[PDB]
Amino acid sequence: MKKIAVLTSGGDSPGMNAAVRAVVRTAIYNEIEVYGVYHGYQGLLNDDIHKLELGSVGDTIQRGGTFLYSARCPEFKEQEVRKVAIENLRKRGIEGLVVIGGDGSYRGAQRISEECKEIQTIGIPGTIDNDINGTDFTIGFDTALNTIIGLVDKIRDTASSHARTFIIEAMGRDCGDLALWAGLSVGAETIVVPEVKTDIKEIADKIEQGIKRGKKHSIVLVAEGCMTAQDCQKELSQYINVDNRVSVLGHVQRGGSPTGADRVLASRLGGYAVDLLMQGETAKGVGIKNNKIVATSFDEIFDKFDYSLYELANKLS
């Protein structure tokens, strides 16, 4: 395991830079040469592959985004396209590949390991959505959670001033974790998530049962995986007429400097990925599970919602 490559694929997330840093430093510490692949799988294809020295990851651990960049490469689904990428790594004598990203990125890495005997692949879970198996938490989630919190905490100031109900849309793709953890953390009176049957008539009645008791407004936190905030506002108005506004938090959720949890998680997983390559492993995604650093086969991973937590937020509301 003398040469390894590292790349970032799928939606960027805070902490990806830390992960890349840990991969680069852990490799160099073990006398392993390391190449940055730029623009995710697209760079694999376009041969945008460049050696990285210690200094290439200076001033990165605190920075949001990915300095390696990420771009979609749907053509990577074609085995013949992969042959070009595979050759581009074998040209340089690369024996291992660390892929930082999500489910799609992992499938890329599985294919690389299946289709080239001389390359081992290890996946590192990078997404704000928390929607990746093999880990309780993905790199980005803690940062995005906090970002949502800070935004809604500011929305609550204006909601209180005007007794104004806000219907807020969170990211998450098909996962409700962001909406749930954030809704709890801001005392949201309703949390709408794809994992729980969504009862618009019931949410209406709950709000109305709140006005009578003297609560003049609420926060509805809506995971985009369930419906848009504007659709939630539309459907609610059938049952009830409250003075309300829609906020869509948007891409702000993907940015910012990573939190301590993300920097530590990224660093651990970045280091572990290199160690796994050194040990001859392949076709696994790393993660933290019940507070232990683990590695799971992409199979198992491809083959988590906390109903208890959801119930707690509802009882506290």
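Residues that one form lacks are left out of the comparison. Numbering follows the first chain given and starts at 1. Here the rigid core means the biggest group of C-alpha atoms that line up within 1.5 Å when the two forms are laid on top of each other. Compared with the form deposited in another entry:
A 2 Å or larger CA shift between the two forms, after fitting on the rigid core, occurs at just one of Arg72, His162, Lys234, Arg90, namely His162. After superposition on the rigid core, displacement of the C-alpha of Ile211 between the two forms amounts to 2 Å or more. In sequence order, 153-164, 206-217 are the runs of at least 3 residues present in both forms whose Cα atoms shift by 2 Å or more between the two forms once the core is superposed.
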The other form holds:
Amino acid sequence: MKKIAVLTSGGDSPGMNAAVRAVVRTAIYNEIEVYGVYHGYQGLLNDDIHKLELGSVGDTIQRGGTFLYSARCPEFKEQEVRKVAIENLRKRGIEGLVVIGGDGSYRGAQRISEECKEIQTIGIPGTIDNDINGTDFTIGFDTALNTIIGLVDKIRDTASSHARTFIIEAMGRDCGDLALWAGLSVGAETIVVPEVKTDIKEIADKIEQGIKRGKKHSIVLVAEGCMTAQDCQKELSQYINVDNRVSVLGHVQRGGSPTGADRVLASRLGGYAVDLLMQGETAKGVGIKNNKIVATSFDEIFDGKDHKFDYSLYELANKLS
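Structure of the form deposited in another entry, given the form deposited in one PDB entry:
One chain, no partners, no other molecules: that is all that follows.
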């Protein structure tokens, strides 16, 4: 395991830089040469691959986004296109590839492993969505969660006296976890998520209570995968009067410095990915499951497509509201 490459792919998540830092520093500590691949899979295709030194990752643990960049590379779904990527790594004697991103990003690594025996691939879960098999949490979830809390605080601090209701669109893609944790965290009366059948009427009866009971600043937190904040507002206005504050939180949820949880998590998983390459492993995603650092085959990641939504926690949040 003489040389490894590392790349970041998909949307930004806080702690991607901390994961690259840990890959680079662990590899060099073990006398392995490490190459940064810039712009995700497009970088592999364009040969935008450069040797990293210890100082290349100075001042990065705190840095949001990804200093290697990321780009979309739809053409990487083509087998013939991947041959070009494989040859650019092989050219350089690279024996290991670490991909930091979401499950989409993992598919690319799985293909590279199937199509080149000589390259070992390991996935690191960098995404704010928390929707990757075999890890309880993804690198960015904790940071995203706190970003939502701060945004909701800013909204409330800047709102008018008439604001009876704030409808806040959180990210998540198809997973309700972010909306649920953020919702609980901000004391939301309602949390709208894809895993629970939304009862608009029930929700409207709940706003009209707080209001009738002379209560201000009620929060509806909405996962983008269920519906848009706008849509939620339009649907509630079928029953009750509202256009309070429809706030689409948007891409800021991916920005900002990672939290300490993300820094630590990223770091452990980046070092473990390198340990796994040195151990001869391939075609695995790393994670934290039941408080243990573990590796799961991409097959299992993508087959069992089951990481439980916590209905008990959803019901607690409602209980608390």
